[PDB]
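S.K.: One-letter residues, chain by chain:
Protein chains: 2
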Amino acid sequence: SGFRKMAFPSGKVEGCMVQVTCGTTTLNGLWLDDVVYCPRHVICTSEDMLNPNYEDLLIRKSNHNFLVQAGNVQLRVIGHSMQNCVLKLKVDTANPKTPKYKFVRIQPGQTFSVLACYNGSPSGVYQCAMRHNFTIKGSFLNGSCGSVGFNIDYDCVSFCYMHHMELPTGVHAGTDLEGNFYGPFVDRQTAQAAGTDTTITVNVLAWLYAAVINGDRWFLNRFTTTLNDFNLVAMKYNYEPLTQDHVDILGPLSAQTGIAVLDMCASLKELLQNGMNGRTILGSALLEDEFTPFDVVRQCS
Amino acid sequence: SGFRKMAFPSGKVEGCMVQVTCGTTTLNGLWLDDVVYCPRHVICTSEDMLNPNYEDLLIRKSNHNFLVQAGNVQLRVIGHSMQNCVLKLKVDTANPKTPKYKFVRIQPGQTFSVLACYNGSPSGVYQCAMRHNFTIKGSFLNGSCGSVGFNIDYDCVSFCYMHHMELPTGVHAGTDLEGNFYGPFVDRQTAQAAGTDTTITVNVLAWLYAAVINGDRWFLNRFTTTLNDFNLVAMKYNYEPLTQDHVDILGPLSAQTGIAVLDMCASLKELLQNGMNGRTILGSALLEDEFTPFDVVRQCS
Ligand SMILES: Cc1ccc(NC(=O)c2ccc(CN3CCNCC3)cc2)cc1Nc1nc(-c2cccnc2)cs1
Ligand SMILES: Cc1ccc(NC(=O)c2ccc(CN3CCNCC3)cc2)cc1Nc1nc(-c2cccnc2)cs1
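Residue numbers (full-length UniProt numbering), protein chains in the order written: chain A, 3264 to 3564; chain B, 3264 to 3564.
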C-alpha cells in the first residue's frame, strides 16, 4: 500500500559519472566503455555566448585541453568528436563499471529518473516526465549540466536525457544521448521560451486507478461516458485528447479494479467540472499527471 | 531552479541488500561487514502469528536454517543472535562493498530516503518523513520487509529505518537498526493502529522559503505576527507549535530571502484561514510538510 514519487535505483548510473573541465568551465560527463559524453557547450568561452559556432570552436581544441576526472583519477583524452550537441571524448581506459545500456529517445508523457550531479559527484535522484512542450520540470542548479536521465529494465540502463540548460520560466531543456535536443531549443543564448503545455490525460487516469488500488474511492461514480463526449470536455480544460490506444494501455489497470476506462473518465470529467471540494487523492489536492500506466503497475500491483 | 522530492543516490545501499530465507518466508537483509541485519519476524511460522515468543522461536533455530543470498552467491551463516526486533546473522564473508556507515535514530519531522527491495533486489528509491505518530507514509508491498531508510553525509551512510509492517490505514511501521521500534508498535498481530498526527510546522515554513527562492511569491504579505499569536492559530489547524529553536533553524533561509520568520508565519496564517483560492505553490495545491530546512538548503541554495 501507499503511492510515492519513485525513481529507479541510481547505483548503475553513479558509477558512470565523471567531471569534465575545459578552461574555467566544469560540468558532468557520462563515462561508458572508453568514451565520455558531455554537453558541447563546455567549450563555450565568454566572448562567444551570443552566436557561437561549435564547429569552429571544436576545431580549435586539442585533446590535452580536456581534463576528465573519475573521482580522484584523471583520465587521459585520446580523441574527441562532435555528436550533434554532445561531445564524445575517447579516453584510454574503459569504465570497469559500465552497465548494460541503450540510448533511447522518449516521448512526451513518458517518465524517467534524473541523477543530479555536480563536479562529477551524484547529489540526488528524482523522477521527471517529458512534457508536451518538450521541457522537464526538474531541479537543477548551475553546474548540473551533463546530468543524465534514465530508466532501468531488468539489468539494462536506458539513457534518455542529458541536461543542457534552464529556460526563463525555470523549466529545463536537454538532448537525448545522441545529442539531439528535445523540442525546438538550441544551446546558445536566444530569446527561446517553452511553448504551451497540456495535461497528460492517460497519466491522470493511471493515477486515479492507483488511487482506487490504494483505497481512495470518493471520486468514483455510477456514470459512464463515451470517448467522444469525454474529449469534448478535455479540450476545455487543456487536457490531451484520449485515444483508443490509451484505453488499451489502461486495460490491465481496468481489469484489476473492475472499473472500465470510460467509467473512470466520467469520474475525471466530474472532478474537472466541480473540483475536489477540499478532499485529496493519494495525498494530492490536484490531479497528478506524471505517473504513466507502467509506473502505476510497477509500483502497486 | 525547480524543487522536487529528491532522494539520496542509492548506490552505496544497493551494494548491501541481500535476501534472507527461513523456511517459506523470504525478505530483505542488510549486509555490513560480516553481519546481515533483517527483521526477526522472518522466523515466524503459521500457527504462531497471534502471540509469538521470539526468544523461544530463535532458540529453536540453527545456523543452517537461514539461507542468505547475495545476488547469485549464497552466504554461509556462522552465528545468529537477537537484537531487539532485528536479527543479526554472522556470515563467513565481509561485504567488500561495505560503505562508511552509522546507525542513527531519527526524530519526527526528519526525512530520509527509502530503498524499496524485493527478494534482495532494489526496486525503487523515494523520500519519506517520520510522522508525529512515528509512522511513515511509504510505498511498500508484501515482501518489502527489511528494506532500509537512510541519509548520506559526505561519504557516510546513516541508516535510520528498517521496514517491518503495514498498519490498517496503509501507513508503515518499523525500527531503527538497533531493532527498536519507532512508536508504540510490536511485530505481531494485534489491533494496533496509528495515533493522531499533526502537520510539521517548521517543514511547511521551510517549503514556503523554497517557494520564494524559486520565484513563487503570491502568498507573501506585509504583515508580521508574534510567535504566540501564530501558535494560537496553529493549534486550531492541527499544526505543531513553533518554538524559538525552529526560528533559529530557519535563520539561513530567512537571511537569504530577506523575509523574517515571523513575517513568513503571517503568510502561513493567512493561507490556513483562507486557503489557496485555486493557486499552487511549487506545483502543489496544499501545504507540503515533508521537506526539512536542511532538505531545502541542500536542494536550492
Ligand atoms: C545552453 C548553454 C550555452 C552555453 C553555456 N556556457 C556559457 O554561457 C559560458 C561558458 C564559459 C564562461 C567563462 N567562464 C566564466 C566564469 N566561470 C567560468 C566560465 C562563461 C559562460 C552554458 C549553457 N547552458 C547553461 N545551463 C545553466 C543552468 C542553470 C541552472 C540550472 N540548469 C542549468 C547555466 S548555463
Ligand atoms: C509484523 C509481522 C509479524 C509477523 C509476520 N510474518 C507472518 O505473519 C507469517 C510468516 C510466515 C507464514 C507462513 N508462510 C505462509 C505462506 N507463505 C510463506 C509463509 C505465514 C505468516 C510478518 C509481519 N510483518 C508484515 N508486513 C507486511 C507488509 C505488507 C505490505 C507492505 N509492507 C509490509 C505483511 S506482513
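To be clear, the hints were calculated from the coordinates, so they are not data collected in a lab. Even for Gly, the Cβ is constructed at its ideal location relative to N, Cα and C. Check before you lean on any hint, since a few could be wrong.
Stated by the list, open to error - Restricting the straight-line Cα-Cα distance to at most 30 Å, the calculated cross-link-like pairs of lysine-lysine (DSBU-like) are: (1) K3351/B - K3365/A; (2) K3351/B - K3365/B; (3) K3351/A - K3363/A; (4) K3532/B - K3499/B; (5) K3499/B - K3360/A; (6) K3324/A - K3351/A; (7) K3353/A - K3360/B; (8) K3324/A - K3400/A; (9) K3351/B - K3324/B; (10) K3324/A - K3365/A; (11) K3400/B - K3400/A; (12) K3499/B - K3363/A; (13) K3400/B - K3363/B; (14) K3400/B - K3324/B; (15) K3360/A - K3532/B; (16) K3324/B - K3353/B; (17) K3360/A - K3353/B; (18) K3532/B - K3400/A; (19) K3532/A - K3499/A; (20) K3499/A - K3360/A; (21) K3360/A - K3324/B; (22) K3351/A - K3400/A; (23) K3365/A - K3351/A; (24) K3353/B - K3363/B; (25) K3324/B - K3363/A; (26) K3363/B - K3351/B; (27) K3353/A - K3365/A; (28) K3353/B - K3365/B; (29) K3324/A - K3360/A; (30) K3532/A - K3400/B; (31) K3360/B - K3324/B; (32) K3365/B - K3324/B.
As the list claims (entries may be wrong) - With beta-carbon atoms standing in for the labels, derived distance ranges: (33) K3353/A - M3345/B: 54 to 60 Å; (34) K3365/A - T3489/B: 57 to 63 Å; (35) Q3332/A - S3564/B: 19 to 25 Å; (36) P3504/A - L3313/B: 31 to 37 Å.
S.K.: Each hint should be assessed against the structure and marked as holding or not.
M.R.: Going through the hints against the structure:
This hinted pair does not check out: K3351/B and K3365/A have alpha carbons roughly 40 Å apart, beyond 30 Å. Distance hint between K3351/B and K3365/B is fulfilled; the C-alpha atoms sit about 16 Å from each other, no more than 30 Å. For the proposed pair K3351/A and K3363/A, the alpha carbon gap of about 19 Å is at most 30 Å, so the pair holds. For the proposed pair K3532/B and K3499/B, the alpha carbon gap of about 11 Å is at most 30 Å, so the pair holds.
For the hint linking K3499/B to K3360/A, the alpha-carbon distance of about 55 Å lies beyond 30 Å, and the restraint is violated. Among the hinted pairs, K3324/A with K3351/A is consistent with the structure: their alpha-carbon atoms are about 13 Å apart, no more than 30 Å. A C-alpha spacing of about 29 Å is found between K3353/A and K3360/B, which places the hinted pair at or below 30 Å, so the restraint holds. A threshold of 30 Å between alpha carbons decides the hint, and for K3324/A with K3400/A the separation of about 34 Å lies outside it, so the pair is violated.
The suggested pairing of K3351/B with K3324/B holds, with an alpha-carbon distance near 13 Å, which does not exceed 30 Å. Under the criterion of a C-alpha separation no larger than 30 Å, the hint pairing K3324/A with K3365/A is consistent with the structure, at around 29 Å. Only pairs whose Cα atoms come within 30 Å are accepted, and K3400/B paired with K3400/A is accepted, the gap being roughly 24 Å. Annotation: proposed proximity of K3499/B to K3363/A is violated, straight-line Cα distance about 55 Å (limit 30 Å).
The hinted pair formed by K3400/B and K3363/B meets the criterion: a straight-line CA distance of about 28 Å does not exceed 30 Å. Among the hinted pairs, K3400/B with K3324/B is inconsistent with the structure: their alpha-carbon atoms are about 34 Å apart, more than 30 Å. Restraint check for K3360/A and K3532/B: not satisfied, since their Cα atoms lie roughly 52 Å apart, outside the 30 Å limit. With a CA separation close to 14 Å, the supplied pair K3324/B and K3353/B stays within the 30 Å bound.
Between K3360/A and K3353/B the alpha-carbon distance is near 29 Å, which keeps this suggested pair within the 30 Å criterion. Taken as a hint, the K3532/B and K3400/A pair is honoured in the structure, with Cα atoms around 29 Å apart against an allowance of 30 Å. A threshold of 30 Å between alpha carbons decides the hint, and for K3532/A with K3499/A the separation of about 11 Å falls inside it, so the pair holds. Restraint check for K3499/A and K3360/A: the C-alpha separation of about 50 Å exceeds 30 Å, so the hint is violated.
Distance check on the hinted pair: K3360/A and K3324/B sit about 39 Å apart at the alpha-carbon level, beyond 30 Å; violated. For the hint pairing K3351/A with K3400/A, the CA-to-CA distance comes to about 27 Å; that is within 30 Å, so the pair holds. Among the hinted pairs, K3365/A with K3351/A is consistent with the structure: their alpha-carbon atoms are about 16 Å apart, no more than 30 Å. Simply put, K3353/B and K3363/B have alpha-carbon atoms about 19 Å apart, close enough for the 30 Å limit, and the pair holds.
For the given pair, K3324/B sits about 41 Å from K3363/A by alpha-carbon distance, which is inconsistent with the 30 Å threshold. A threshold of 30 Å between alpha carbons decides the hint, and for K3363/B with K3351/B the separation of about 19 Å falls inside it, so the pair holds. Restraint check: the Cα-Cα separation between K3353/A and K3365/A comes to about 18 Å, which is no more than 30 Å; the hinted pair holds. For the hint pairing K3353/B with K3365/B, the CA-to-CA distance comes to about 18 Å; that is within 30 Å, so the pair holds.
For the given pair, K3324/A sits about 29 Å from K3360/A by alpha-carbon distance, which is consistent with the 30 Å threshold. Between the alpha carbons of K3532/A and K3400/B the distance comes to roughly 29 Å, so the proposed pair stays at or under 30 Å and holds. For the proposed pair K3360/B and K3324/B, the alpha carbon gap of about 29 Å is at most 30 Å, so the pair holds. At roughly 29 Å between alpha-carbon atoms, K3365/B and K3324/B fall within 30 Å of each other, so this suggested pair holds.
Between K3353/A and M3345/B the beta carbons are some 55 Å apart, a value that agrees with the proposed interval 54 to 60 Å. Between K3365/A and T3489/B the beta carbon distance is about 59 Å. The supplied range of 57 to 63 Å therefore holds. At about 23 Å, the beta-carbon gap between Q3332/A and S3564/B stays in the expected band of 19 to 25 Å. Between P3504/A and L3313/B the C-beta distance comes to about 55 Å, which lies outside the given range of 31 to 37 Å.
Violated hints for the displayed structure, listed by number in ascending order: 1, 5, 8, 12, 14, 15, 20, 21, 25, 36.
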